[PDB]
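Shown next as structure tokens: one chain only, the form solved without this ligand.
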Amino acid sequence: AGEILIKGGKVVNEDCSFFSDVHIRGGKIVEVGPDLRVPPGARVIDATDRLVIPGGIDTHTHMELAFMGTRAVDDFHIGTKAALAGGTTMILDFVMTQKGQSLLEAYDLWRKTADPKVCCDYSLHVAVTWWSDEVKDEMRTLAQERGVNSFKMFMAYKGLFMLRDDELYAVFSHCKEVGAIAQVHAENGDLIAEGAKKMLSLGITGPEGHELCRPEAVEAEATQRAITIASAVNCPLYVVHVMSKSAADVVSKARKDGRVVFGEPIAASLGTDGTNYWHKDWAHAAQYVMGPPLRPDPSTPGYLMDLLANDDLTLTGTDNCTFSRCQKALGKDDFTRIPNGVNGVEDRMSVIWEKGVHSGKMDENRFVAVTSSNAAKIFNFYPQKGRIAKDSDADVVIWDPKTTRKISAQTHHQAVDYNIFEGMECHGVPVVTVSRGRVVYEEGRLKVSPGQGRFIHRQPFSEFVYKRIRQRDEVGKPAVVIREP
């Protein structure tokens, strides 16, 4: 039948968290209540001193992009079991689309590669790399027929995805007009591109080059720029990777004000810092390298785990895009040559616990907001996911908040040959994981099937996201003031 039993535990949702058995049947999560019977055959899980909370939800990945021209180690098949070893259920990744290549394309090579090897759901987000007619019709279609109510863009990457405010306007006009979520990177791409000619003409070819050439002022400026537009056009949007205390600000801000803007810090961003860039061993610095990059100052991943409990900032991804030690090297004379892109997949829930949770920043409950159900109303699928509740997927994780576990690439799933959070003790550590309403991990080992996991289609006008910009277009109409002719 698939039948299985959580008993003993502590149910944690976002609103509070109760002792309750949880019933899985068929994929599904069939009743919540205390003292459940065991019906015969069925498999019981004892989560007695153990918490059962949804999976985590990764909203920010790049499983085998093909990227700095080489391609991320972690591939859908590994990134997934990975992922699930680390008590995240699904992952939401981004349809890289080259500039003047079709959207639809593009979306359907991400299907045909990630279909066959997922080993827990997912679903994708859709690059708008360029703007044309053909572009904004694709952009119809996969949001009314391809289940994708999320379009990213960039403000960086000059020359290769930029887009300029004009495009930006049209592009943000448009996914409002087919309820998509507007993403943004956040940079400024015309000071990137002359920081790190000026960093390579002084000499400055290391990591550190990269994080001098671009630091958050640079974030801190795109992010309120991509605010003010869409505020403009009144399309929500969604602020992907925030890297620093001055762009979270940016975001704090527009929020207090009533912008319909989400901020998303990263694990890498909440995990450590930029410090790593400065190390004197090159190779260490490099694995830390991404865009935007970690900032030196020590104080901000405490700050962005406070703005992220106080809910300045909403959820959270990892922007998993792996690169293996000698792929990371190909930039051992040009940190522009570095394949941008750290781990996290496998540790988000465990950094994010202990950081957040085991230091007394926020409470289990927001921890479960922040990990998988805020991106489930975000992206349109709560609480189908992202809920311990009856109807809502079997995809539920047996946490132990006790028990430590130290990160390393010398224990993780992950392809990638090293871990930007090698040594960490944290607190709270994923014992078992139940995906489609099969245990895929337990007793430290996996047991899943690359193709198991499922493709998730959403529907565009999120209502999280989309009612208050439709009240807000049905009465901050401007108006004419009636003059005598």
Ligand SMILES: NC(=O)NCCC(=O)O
Contents of the next structure:
There are 4 protein chains.
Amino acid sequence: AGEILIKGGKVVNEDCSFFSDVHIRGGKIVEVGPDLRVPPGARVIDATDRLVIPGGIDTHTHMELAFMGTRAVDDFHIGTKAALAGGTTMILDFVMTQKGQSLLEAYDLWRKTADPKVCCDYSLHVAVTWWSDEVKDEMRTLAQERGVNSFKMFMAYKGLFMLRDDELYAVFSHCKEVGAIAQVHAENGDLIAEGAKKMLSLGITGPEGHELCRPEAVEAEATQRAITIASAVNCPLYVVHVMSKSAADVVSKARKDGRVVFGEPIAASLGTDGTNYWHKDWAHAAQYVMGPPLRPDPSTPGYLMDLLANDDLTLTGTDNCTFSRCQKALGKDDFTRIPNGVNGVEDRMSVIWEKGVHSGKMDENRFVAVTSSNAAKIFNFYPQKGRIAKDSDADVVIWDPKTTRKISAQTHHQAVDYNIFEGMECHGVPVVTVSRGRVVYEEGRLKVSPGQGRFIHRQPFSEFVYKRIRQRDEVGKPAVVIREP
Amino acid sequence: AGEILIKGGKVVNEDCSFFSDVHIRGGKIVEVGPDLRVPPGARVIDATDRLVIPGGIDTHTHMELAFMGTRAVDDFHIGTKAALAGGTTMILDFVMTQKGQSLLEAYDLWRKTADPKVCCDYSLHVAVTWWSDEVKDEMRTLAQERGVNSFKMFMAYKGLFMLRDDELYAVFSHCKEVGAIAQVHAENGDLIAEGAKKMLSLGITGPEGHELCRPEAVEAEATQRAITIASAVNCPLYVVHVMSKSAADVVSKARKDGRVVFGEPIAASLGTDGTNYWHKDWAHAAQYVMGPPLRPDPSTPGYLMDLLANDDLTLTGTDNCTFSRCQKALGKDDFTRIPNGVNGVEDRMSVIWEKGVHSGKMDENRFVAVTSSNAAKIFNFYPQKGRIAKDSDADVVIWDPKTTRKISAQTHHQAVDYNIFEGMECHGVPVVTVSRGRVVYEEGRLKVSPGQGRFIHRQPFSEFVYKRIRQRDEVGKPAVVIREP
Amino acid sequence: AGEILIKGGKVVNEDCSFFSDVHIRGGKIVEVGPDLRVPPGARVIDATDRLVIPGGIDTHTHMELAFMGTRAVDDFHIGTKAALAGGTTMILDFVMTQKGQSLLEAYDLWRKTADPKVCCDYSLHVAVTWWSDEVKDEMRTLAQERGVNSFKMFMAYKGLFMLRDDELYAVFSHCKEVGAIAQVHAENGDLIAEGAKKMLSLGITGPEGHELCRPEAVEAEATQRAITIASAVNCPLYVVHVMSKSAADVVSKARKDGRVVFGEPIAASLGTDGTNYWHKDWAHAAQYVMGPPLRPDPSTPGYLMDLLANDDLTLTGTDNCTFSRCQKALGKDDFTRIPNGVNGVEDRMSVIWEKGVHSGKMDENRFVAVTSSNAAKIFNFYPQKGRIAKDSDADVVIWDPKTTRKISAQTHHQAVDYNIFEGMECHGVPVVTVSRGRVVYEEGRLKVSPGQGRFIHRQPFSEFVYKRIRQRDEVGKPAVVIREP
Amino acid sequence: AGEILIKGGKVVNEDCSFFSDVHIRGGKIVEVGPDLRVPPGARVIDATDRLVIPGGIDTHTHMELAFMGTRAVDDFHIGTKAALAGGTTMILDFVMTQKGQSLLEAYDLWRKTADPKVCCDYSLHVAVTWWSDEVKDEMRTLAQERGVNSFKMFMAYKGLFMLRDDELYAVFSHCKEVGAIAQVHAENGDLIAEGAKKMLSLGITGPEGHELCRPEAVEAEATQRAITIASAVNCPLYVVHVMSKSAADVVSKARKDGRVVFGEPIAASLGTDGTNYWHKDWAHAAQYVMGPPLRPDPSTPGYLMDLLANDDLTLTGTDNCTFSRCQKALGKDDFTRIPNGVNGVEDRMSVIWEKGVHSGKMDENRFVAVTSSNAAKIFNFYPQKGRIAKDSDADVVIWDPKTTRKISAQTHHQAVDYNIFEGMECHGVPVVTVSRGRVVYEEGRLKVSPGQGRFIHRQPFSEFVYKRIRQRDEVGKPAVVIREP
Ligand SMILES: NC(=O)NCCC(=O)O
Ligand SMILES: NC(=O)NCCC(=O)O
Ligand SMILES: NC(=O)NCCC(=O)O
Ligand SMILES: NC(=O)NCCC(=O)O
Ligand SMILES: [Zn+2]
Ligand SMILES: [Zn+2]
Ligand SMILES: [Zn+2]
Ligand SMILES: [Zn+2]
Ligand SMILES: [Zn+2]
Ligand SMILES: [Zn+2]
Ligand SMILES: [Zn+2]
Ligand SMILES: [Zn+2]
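Having seen the form solved without this ligand, I'd like the form deposited with this ligand bound now, please.
Zooming out: every chain and molecule, the one shown earlier first.
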């Protein structure tokens, strides 16, 4: 069996917190309540003075992605181990289909790579990086049979992944038809391409050139544009890696205006800023390079945390896409060649707790919402995950909100040899991680086998995403004026 | 016993909706799950094609209030009956303590009046309409022993209930000390007093004078002021009856800015507008008169519903404070003498469903949040109410979202002889109402006895309200700069 | 000679108003001051109780444009006559170069058509409707030798005039190089194309389909996008025909943010709204059809006037592009075939005075700014026009602000057989119009000859437009961080 | 006579810039034009490579004010000398009438003190620090006979100058009746009083306590409140010393909304920030203390300059109210006793040029608007001052925009022994200052006699301020609905 009783702790769900024990049997939570009996043989995890929360769900990872010449060093095995050590029990990774390549082939290739390696549960989003009848069919198959209800489109990466407004319109229309959510990388790829060309011609080859060629206006513009096209076809939209105040404000305004759109800041944009691109040490600066870039306005991470607290922004991922110091160095003379991507999978939970809960910006319940529950709602497996309740999956973290840990590449479990949060002292430590009903992390040690985690198959038409869309299809149809001919 | 099994319906909570039966025994929900056994003797309510939702909680009523010369016609008995017929199973009414009068006496007087009459559960807020050592002591007693964690302060009603900024500061400080929430009637009472004097001198004695003397700037101003004072003392704030776009925007901005404040639109401001004050029929116009007034900008109710959907605004009441046609007529020659107050207790649920869910602005789950769950969270009895779950109170409504009912003073159960929503066709009908585990409304008929309802005693420091306040007390203390003398 | 002395009136300039006579000799104002001597032979125009203002400058006309199959009925001759009768003494018309056609040929063709016909002064903007080395050269020639410092680009009209973001970037870059201002028609042409296709498939063929296929989000999106690209290249930008609140707000925000951008509402969007597209009479509805469309939110024209008063919006034109009732009827069965364009050249001045000055939104001086002075500043001939002062051109209107005139296609001087402002009672009447130092309109009668007006040759680098751009070129250059290799 | 010909320079007015000489005779500009003849005897000031601009007008000074126990060290003599040396040729100083004291007596006392000492022209605003029939009469006399059209009211300084909302309403009403503009010190005096009491009890006695007791919310709140009351009585309003982003945004929103209100940032809030209150050196920190305080958000001065460039904010003063290092030291142990006030009169022009024009935020013409022209328009002597034109007063500065000067208490002409802009390198130097047609400053040396300057008597109903107010009185009267009784 493996029975666990988590005793003495305070359960924290998105709605409220309460003292109760949690009885885990066979991969599931089978009872939640005060003073539960320890069945003979069951292991007791003593959660006295700890919070018992749903494991974190990272909506946004790229484990071992082949990108910009080289492949990310955190792979599905190490990446999921590092996740677990940081209190994160599921990741959602992007199938980065190449232009002209079958989405089903790319999906198959990702499942073959990840299935034997993941140490925690996971699922996949599929990038739609070109358009045709075939992609159209494949999206339906993915949504109805392969357990994927999220497709990722790019407005940046000109020549590589970018789609133009007419194609986004079509793609978004078909997302709505198959009951998928549309995710977008929202930056203006034409401005980025011109921008970088210009920074290089001016001899600005360092990482400050990377930020200067695509300042936050370029992100805010494409964010509004994506929302507008999606609003025109009544397709639900998800803006991945919101990095800037102005893009966050676009999302905030559109939601207030009743648009079905969700904004996802990431640990990087919540925990540090882009002043690091101006560091005198080139290696240090390059560590932070990713698209969109972190912003040189120091008030950014605090502001994004305030909007995350208030639900202008709704949930978090990390965009974990790591490259070692010697891989980043590929762009020593030209920032367009630094492989883009930062760490976060392991530290997300502590970073958000320290910058969001300890700071007084959000409460512990909103913390659960924005680290697991909302991901489960949008991507369609709530309350199977994201809630401590009978019948839910036993993905559970015992959390110490009072003790601190200092984040350091010297003690972290990620494969990357630096950490963008190097030195940060965070309140909020994952003391014990349970995944699929097994203790996989405790006393600073991991106990898990590659392949122990499972792919989570999801159904389309997630209710949290589609119930308003469908009611608007029914009452928001345009009408003709009846006239004499 | 009275056992009820509600079978075949779809349960709708704030987080998600799911098919399940609900077993009610002894005033409580004792089981929720699929295909439950009907125990011998238990009555089955067939909820096939219906939603099974928590009963509505009206945060804002004034049943039989003696006000402006006369007393409201809907009393605790008829008012709670009408509530039940409209799908609302709890009301929170205001103890309107007079200036210089003991808050404990006023509280006692309200409990004596309401206890033998209420047909559904209820609780009370207490108005703090003057300030002194005695009021200070009485507030502590109310909060610690009398089950009241909400105190109501007025920035309008000059000469009558109004408090100045220094007194609000003190009052708000002491609310924070006793773990109460501060509610405010946010209009500038000095502008209202000057405004009305001016409208009368210009011979504008009709109800249009009532709105013109205190247009929405006057509400927005006092709303910002209340938020600022409350932010200065770190006291949680609740703005009652938000009537206008601009005041709603103040609340929306303050929350985005991380201020602990909640905004409560009411059915009136969600379901109609203030163009009615300009109606050629004086009686018709006077029906809508209340403070703050409904606004002549027709886009108002739709905008307030959009902000309620997005959580800029968080929950709803009705400010039910009804006066018959012949009572309103007291101000035939002078709008300052029309007793202020409109209906809503009965129609709130259908009005919000039609204007909010049927319109596609919010989903059924957000509907439960803004009609019961959030009230229970703020006023500190969740999930005892506001949730369909084992151990919760059996206050449950079987709801038909597809059928319409037309609202009319001819068919309504309120004592008042008109209805501000006269003629409105609403999708969303309460077909069966269960209160304290008894069927009190079914087949258009009420079956309930005055006194059947119970006063709900609450504890202070509601966690949903105070967890951020307390963390800010711990990390947001101002520090001195250490200097050589 | 033709000497005129305008006596007894109050001169109104953009900065202030003052009593003075104005002495006109040889096409120029040669003296302004109190109690001027009447030289023997000079005609006195008695301006007692009248304002003496600079003639209106219409920044935005399409006289006799061949468009959507047919050509506008108001031609350079009738159009300029109608302008004069309405108090407007200069128009700036768009050379609508076709895709692949020489801009110089189109320019020559417009000068040949207009020179022998105009009855008042005029100048030209040139549309850049495709991109290449040749267009690049021609733009330089136009700017340096042909008196044109304004080029017009389209984000709408897919297949016809539309340019993509990379081309706008290049085009805007070259505008900056030649010291021109970039004008943009800011709507998303991909959304319009999809939108219309969809409205037709739903059998919405009436004019309401025209507005519904491109609601204001589509305008606001492209407006932000244009501003962003122009900000990226430091090119000054001008947004023509701002029709909606949301697009106006984009412009307002960008200016507050220090972006060099100007917004131009037109008489149509200041004086009426798009509810007319829903009129039961098809002919009536089609009268209002133009791109972007007038908006069905009735608060629009008032809001645009408030932003024009506050300088969020800076100056006005009419987009005068008129088609008779039988020409509009070309789209009786399909709104995509209604020739787009409304009237305004004649009524602009009275419409803006009535809706802006008489309403109390702006003063008479701001009225001069937004009807002549700012056009002269941006398009680079101030104070030669747009000011009553010694040495300025004698384009002068004697204006009665107190008397009303009702606008009617029955009394107007435009060739079109209807008027979108039909029935409007406007305070503010042009009683006498002086153009090039000659009385061309008085006692309701026109006295002017086709060809009397002159083309105004302008120089590039208008100081009002470029002084900030050039200082930013000097201090806003991006810098490299100096690092060890 | 004293004739001066200023030759070879570029004249810069609010509307445009142009090459011309300026002929000065007898205190007036008597001709402006190219290549003017030098009359025998006239002194030529060679303005080759210089701008010739209207002298600066400082709307906001307190020369030798007795305040908080002691009197400001810059008096009318030294203060006006320092003004002249900085390119400022007029100051408007506040008659600080004490509570219960005759406004006419205070006015007389200020004229007696200033008349024999001023070295440049000046005028006065009168503070209305209490309310009664007598103050009412005195305000009329001041406005009609004493040349004052601006009255200053306080929402801060509880116990000392503060007025409550009902009194502001009355005061603002009477300002409108006498054709005066209402100026307000907009901070919530009740919050300040509580705030400071709290900071002291926590042992925060340093200048950081001064800012922390009244953060920018306290300013923004009172700013909105003042605007609302003034909007209710249709009285034009002027918000003095706007110090914070949020208060500036209130003003910006109200103007966009068509409210007649003007915002005046000062040199301090445009040129430095409130991080200085946290300096380890107490003397340094105390130098910056004034009400409202400078703000610790470093983006503030840049943001205020952007809103000044865009006309959200309209004109500038300095609030010059200086106290020596040993006078500031009066509050060594208690920040409530540091005499409030900073320097600026001398450096305003260079500070604004460097931070506003050199930075690319505004052009030279907007610079003239916000340093002289708008003050002259609002306070009612334009174009007698604020314009280089025939008949205007010869208050003229020859300005070098290319050379820098470093500001230092070691080289400045103010009496105060420190400078809040210490060390700042500003482009933009006043090389020659002409006041009343005499060279009073050249080659770094002053040549002027105490009493040479004149008091400027103004008339009420300034047109720039009142033309919209009066039109709204005529068309914005509320109407009754006509009903059967
Ligand atoms: N961009 C980046 O740096 N991380 C992942 C690649 C992407 O999605 O943009
Ligand atoms: N105002 C009103 O009309 N209803 C209740 C009384 C109040 O709270 O203002
Ligand atoms: N569009 C329109 O209706 N008038 C002129 C053509 C254009 O510029 O769009
Ligand atoms: N406050 C200040 O520091 N300067 C002048 C006094 C005032 O007006 O507030
Ligand atoms: Zn991305
Ligand atoms: Zn990514
Ligand atoms: Zn109230
Ligand atoms: Zn109430
Ligand atoms: Zn156009
Ligand atoms: Zn046009
Ligand atoms: Zn002040
Ligand atoms: Zn002052």
